[PDB]
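2 protein chains.
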Amino acid sequence: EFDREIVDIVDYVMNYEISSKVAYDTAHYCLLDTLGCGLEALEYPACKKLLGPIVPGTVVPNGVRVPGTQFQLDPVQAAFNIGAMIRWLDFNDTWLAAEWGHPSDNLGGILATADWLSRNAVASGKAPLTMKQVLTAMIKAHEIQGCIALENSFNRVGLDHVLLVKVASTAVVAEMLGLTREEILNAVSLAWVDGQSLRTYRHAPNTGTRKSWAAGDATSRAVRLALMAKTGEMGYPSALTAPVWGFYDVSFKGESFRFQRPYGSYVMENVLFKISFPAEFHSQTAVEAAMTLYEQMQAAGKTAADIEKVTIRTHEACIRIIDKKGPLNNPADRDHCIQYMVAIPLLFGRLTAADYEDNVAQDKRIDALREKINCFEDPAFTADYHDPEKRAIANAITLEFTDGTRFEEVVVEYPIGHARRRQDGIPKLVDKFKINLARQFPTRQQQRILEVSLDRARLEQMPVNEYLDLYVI
Amino acid sequence: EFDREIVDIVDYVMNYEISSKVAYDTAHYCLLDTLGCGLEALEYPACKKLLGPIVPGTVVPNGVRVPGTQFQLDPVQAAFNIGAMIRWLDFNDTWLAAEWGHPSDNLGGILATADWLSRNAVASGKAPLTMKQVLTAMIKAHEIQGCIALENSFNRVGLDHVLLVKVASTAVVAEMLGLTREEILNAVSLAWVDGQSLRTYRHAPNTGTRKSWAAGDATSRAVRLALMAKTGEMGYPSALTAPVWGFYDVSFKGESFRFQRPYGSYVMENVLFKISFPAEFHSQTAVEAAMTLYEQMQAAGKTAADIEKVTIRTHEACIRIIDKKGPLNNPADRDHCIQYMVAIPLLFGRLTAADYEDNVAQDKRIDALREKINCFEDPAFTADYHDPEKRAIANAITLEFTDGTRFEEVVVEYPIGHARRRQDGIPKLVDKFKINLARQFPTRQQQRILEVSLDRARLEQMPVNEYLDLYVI
Numbered sequence: 011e012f013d014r015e016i017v018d019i020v021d022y023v024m025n026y027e028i029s030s031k032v033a034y035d036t037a038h039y040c041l042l043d044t045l046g047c048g049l050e051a052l053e054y055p056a057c058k059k060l061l062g063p064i065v066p067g068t069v070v071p072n073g074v075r076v077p078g079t080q081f082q083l084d085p086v087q088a089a090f091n092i093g094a095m096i097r098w099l100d101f102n103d104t105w106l107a108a109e110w111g112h113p114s115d116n117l118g119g120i121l122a123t124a125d126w127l128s129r130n131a132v133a134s135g136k137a138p139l140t141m142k143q144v145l146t147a148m149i150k151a152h153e154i155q156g157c158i159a160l161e162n163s164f165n166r167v168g169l170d171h172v173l174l175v176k177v178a179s180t181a182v183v184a185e186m187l188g189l190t191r192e193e194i195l196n197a198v199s200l201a202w203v204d205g206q207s208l209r210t211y212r213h214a215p216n217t218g219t220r221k222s223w224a225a226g227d228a229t230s231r232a233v234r235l236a237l238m239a240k241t242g243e244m245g246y247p248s249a250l251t252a253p254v255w256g257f258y259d260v261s262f263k264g265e266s267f268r269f270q271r272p273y274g275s276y277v278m279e280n281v282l283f284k285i286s287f288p289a290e291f292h293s294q295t296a297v298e299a300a301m302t303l304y305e306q307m308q309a310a311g312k313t314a315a316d317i318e319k320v321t322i323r324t325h326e327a328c329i330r331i332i333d334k335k336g337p338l339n340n341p342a343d344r345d346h347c348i349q350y351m352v353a354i355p356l357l358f359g360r361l362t363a364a365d366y367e368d369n370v371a372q373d374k375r376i377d378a379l380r381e382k383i384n385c386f387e388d389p390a391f392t393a394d395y396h397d398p399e400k401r402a403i404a405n406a407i408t409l410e411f412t413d414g415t416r417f418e419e420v421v422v423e424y425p426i427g428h429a430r431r432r433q434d435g436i437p438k439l440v441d442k443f444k445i446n447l448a449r450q451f452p453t454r455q456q457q458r459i460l461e462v463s464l465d466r467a468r469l470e471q472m473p474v475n476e477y478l479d480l481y482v483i
Numbered sequence: 011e012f013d014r015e016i017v018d019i020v021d022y023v024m025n026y027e028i029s030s031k032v033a034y035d036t037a038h039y040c041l042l043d044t045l046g047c048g049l050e051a052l053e054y055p056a057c058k059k060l061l062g063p064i065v066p067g068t069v070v071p072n073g074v075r076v077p078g079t080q081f082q083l084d085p086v087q088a089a090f091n092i093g094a095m096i097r098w099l100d101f102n103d104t105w106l107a108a109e110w111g112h113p114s115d116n117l118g119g120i121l122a123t124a125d126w127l128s129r130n131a132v133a134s135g136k137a138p139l140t141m142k143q144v145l146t147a148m149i150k151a152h153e154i155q156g157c158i159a160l161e162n163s164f165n166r167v168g169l170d171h172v173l174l175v176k177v178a179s180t181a182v183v184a185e186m187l188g189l190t191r192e193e194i195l196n197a198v199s200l201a202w203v204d205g206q207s208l209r210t211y212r213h214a215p216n217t218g219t220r221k222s223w224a225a226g227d228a229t230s231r232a233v234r235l236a237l238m239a240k241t242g243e244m245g246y247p248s249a250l251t252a253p254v255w256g257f258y259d260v261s262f263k264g265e266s267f268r269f270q271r272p273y274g275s276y277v278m279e280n281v282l283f284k285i286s287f288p289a290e291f292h293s294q295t296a297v298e299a300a301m302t303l304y305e306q307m308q309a310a311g312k313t314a315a316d317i318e319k320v321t322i323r324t325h326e327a328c329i330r331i332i333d334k335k336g337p338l339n340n341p342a343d344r345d346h347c348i349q350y351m352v353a354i355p356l357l358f359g360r361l362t363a364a365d366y367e368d369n370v371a372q373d374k375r376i377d378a379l380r381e382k383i384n385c386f387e388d389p390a391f392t393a394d395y396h397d398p399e400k401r402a403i404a405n406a407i408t409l410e411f412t413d414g415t416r417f418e419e420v421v422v423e424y425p426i427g428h429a430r431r432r433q434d435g436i437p438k439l440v441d442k443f444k445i446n447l448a449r450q451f452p453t454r455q456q457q458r459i460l461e462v463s464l465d466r467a468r469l470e471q472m473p474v475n476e477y478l479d480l481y482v483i
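One line per chain: the protein sequences are B and A, in this order.
Mapping to PDB author numbering: the first sequence position 408 is 418, numbers consecutive.
Mapping to PDB author numbering: the second sequence position 192 is 202, numbers consecutive.
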């Protein structure tokens with residue numbers, strides 16, 4: 011009697027067999043990338059102040075060992091820790107669609123449940139779970155969340171996207187707990203009937219730190235709902251379609267969930283990785299091209315002070331999300347200016363985060379050359395942007411000199427963090443991970459982690475508990 | 011910066027001095043009553059399966075001693091347990107308004123937090139909190155929840171009343187933890203931008219057990235959010251007013267909250283107590299009258315078989331909620347049929363849950379008598395029902411016998427559990443508290459708890475941790 015949307019999620023999470031090398035490879039990289047972010051977040055007091063157990067000194071038998079910390083918490087509280095860490099700085103993977111999100115947030119509930127389950131197994135002389143399950147669970151979570159967010163937008167109804175994290179995590183975690191098909195159904199319904207937080211903290215003038223831990227709390231809630239269904243807690247069959255009290259009517263505006271495709275492994279296969287310049291995603295390929303123009307102008311003895319017109323041929327979303335003519339002296343100003351993030355590269359030949367303030371944002375071309383940037387929209391690009399087989403973030407920059415000679419409009423279809431650029435992006439991703447690892451562990455420990463981590467075959471065999479033990483201080 | 015609504019709640023909970031002797035007197039009885047309902051819930055496996063720690067074996071320093079058990083949990087979990095217990099069987103106090111609810115549910119987060127602070131203070135040589143302080147917190151939490159619910163219906167908007175519990179408990183727990191006005195403001199704002207649960211589980215065909223622990227879960231969240239605010243976590247000023255991301259425009263259909271009166275101690279002073287026959291509050295009065303008419307027929311040597319007409323002069327609420335004609339299947343239907351609950355008394359001279367089962371429904375006299383039962387609305391009663399100085403739930407029953415003679419009209423305006431019948435109510439409320447104590451503790455404990463519970467001078471001065479120790483198993 012359970013709504014189809016719910017049954018589809020459960021059946022998928024229960025019987026669907028993933029058979030995609032790309033799916034398991036990307037998941038592999040995603041795990042390391044996510045974990046690394048978590049370690050970097052451990053350098054910020056704003057984050058670490060929310061970590062640990064609710065009551066300091068608490069002792070949990072076979073508690074989840076939170077990476078880079080001393081804490082050994084129960085599955086729920088640990089899920090919140092990991093969840094808040096990995097998403098804190100906002101460097102984890104991304105999935106832009108109808109609804110924006112970071113599927114890697116589900117790692118909180120997954121990792122915690124897997125580690126707790128393994129330590130209990132080993133304690134009882136049983137077989138623990140292996141990192142292979144974690145990868146499988148990740149792929150599945152990315153799907154649930156990734157597919158619903160494909161066409162259904164919740165920021166349009168005032169809700170935050172973390173509700174998808176709670177639904178995904180709940181599904182995967184309940185399955186992982188070995189619950190029956192009934193118990194799992196009950197679990198997912200509870201997630202839909204559960205409350206759904208607002209986005210107030212992601213918008214001005216209330217932009218706050220909750221946007222950093224909202225997901226960690228969502229995935230944590232999932233572990234709690236799943237552990238309840240585990241005890242045999244009842245379900246709510248029409249949690250979504252109920253006539254007046256169902257989710258659809260109450261908070262989805264009397265609409266319904268639309269799906270452009272069934273659950274598979276499409277999401278993980280096309281995830282975006284924050285592993286390049288500190289520039290908004292829609293302006294990534296624009297910066298990469300700005301860098302090529304900088305060295306091509308060098309080999310042509312052309313100073314950035316010769317440009318009298320720079321027309322950028324972007325895509326739909328670009329002009330819509332990043333573009334603002336007129337002076338600006340704030341982070342959200344420069345960090346969201348396709349005109350500015352391209353100005354610096356052409357002027358200095360680099361784009362570091364240390365360029366979105368006032369110190370460097372002084373030069374004339376900082377407010378002058380930017381006034382030579384014309385950003386229009388092209389039908390050819392915006393089409394590939396929505397094309398499921400591409401998902402390009404293409405950009406095209408053309409430099410018009412006073413010498414009556416313009417430069418060959420350079421065009422970058424996919425950013426380095428994109429799925430079709432793994433040959434250039436993975437190296438970067440591995441560098442980031444190695445760096446993050448150094449932030450918390452001694453040279454020796456860094457090598458043990460890195461050596462096992464990079465080896466997929468060797469890592470898939472490792473017992474979840476044994477892998478996380480490599481991150482203990 | 012912070013919304014007027016939030017600032018009012020915070021100023022009220024930080025500075026308002028309860029100068030009502032009736033407020034403290036009922037808070038006292040409300041305390042023992044709510045604890046007793048919790049003890050009656052332990053005998054239900056559907057409830058106890060959700061109780062206890064998340065991970066068996068967990069050892070929490072200075073943990074909260076959940077009454078009637080042996081658990082020693084963290085404040086957040088203890089809150090859930092207490093809250094789920096006290097509300098489970100639904101014999102908890104009631105506050106009928108634009109939004110129905112049971113303000114005594116906040117006792118979960120209040121006691122857990124108080125007990126935890128006390129046990130801590132002791133461990134560190136500091137002074138513990140006293141029951142007097144939980145008594146004051148109750149009055150304040152009752153006020154926040156009760157006053158907002160006077161003219162603001164969340165029911166009509168799809169959300170569950172439980173959100174008021176969360177908001178109220180958050181304000182009260184936040185201040186109880188000794189946070190600053192700024193931190194408390196942040197706490198209340200965090201509660202508003204939080205996800206508000208649906209009520210899908212209170213309406214068929216989705217009606218489930220969550221309708222029992224929904225409050226325990228809210229008060230538990232209150233404690234959680236409060237402890238995060240204590241760490242310095244920021245708030246959200248226009249959490250309610252925010253243009254499109256605020257609570258009003260997202261969940262309250264763009265409307266603003268309306269307050270017929272300022273926060274004081276009006277709610278505790280007029281709360282209802284379930285301390286009589288097992289009947290819906292809107293009929294409690296009719297049942298009392300029917301009981302008065304039964305023994306009246308006795309002295310007059312008459313039986314319900316000599317009645318040909320029964321006229322019930324009631325109010326609007328009673329009519330549209332419990333005035334049901336037709337067949338009565340499951341006992342639940344009879345549990346909401348005034349003609350039924352009034353039939354039994356006239357016939358058997360009693361009314362117990364047993365009398366609802368088909369086992370007794372078989373008797374044809376019941377259905378036969380129901381036929382002669384007719385009720386009409388009396389504007390005056392409906393007026394008193396809505397009069398803030400009355401809040402009556404009146405019913406009048408007139409019996410007309412085939413004998414040609416009719417009895418005088420038996421009028422009863424206020425239920426025995428109404429603030430205007432405490433003199434009659436208290437004795438009945440106490441013996442209810444006694445029965446529940448017997449459901450879990452032996453003779454000595456039942457006596458040890460009662461003697462302390464009744465002696466208010468003693469109770470108030472008693473440290474919270476020393477009082478809950480009595481309820482330990």
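Incorrect hints may appear among the rest.
One copy or two, either will do: identical chains are not told apart, so a pair holds if it fits within one copy or between any two.
Under the rule of at most 20 Å between Cα atoms (straight-line distance), these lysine to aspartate or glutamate pairs were calculated in the EDC-like manner [to be verified]:
{"no.": "1", "residue 1": "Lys59", "residue 2": "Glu192"}
{"no.": "2", "residue 1": "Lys382", "residue 2": "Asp343"}
{"no.": "3", "residue 1": "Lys221", "residue 2": "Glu243"}
{"no.": "4", "residue 1": "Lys240", "residue 2": "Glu192"}
Quick caveat, the hints were computed from the structure, so don't treat them as lab data.
Violated hints, by number in ascending order, as checked against the structure = none
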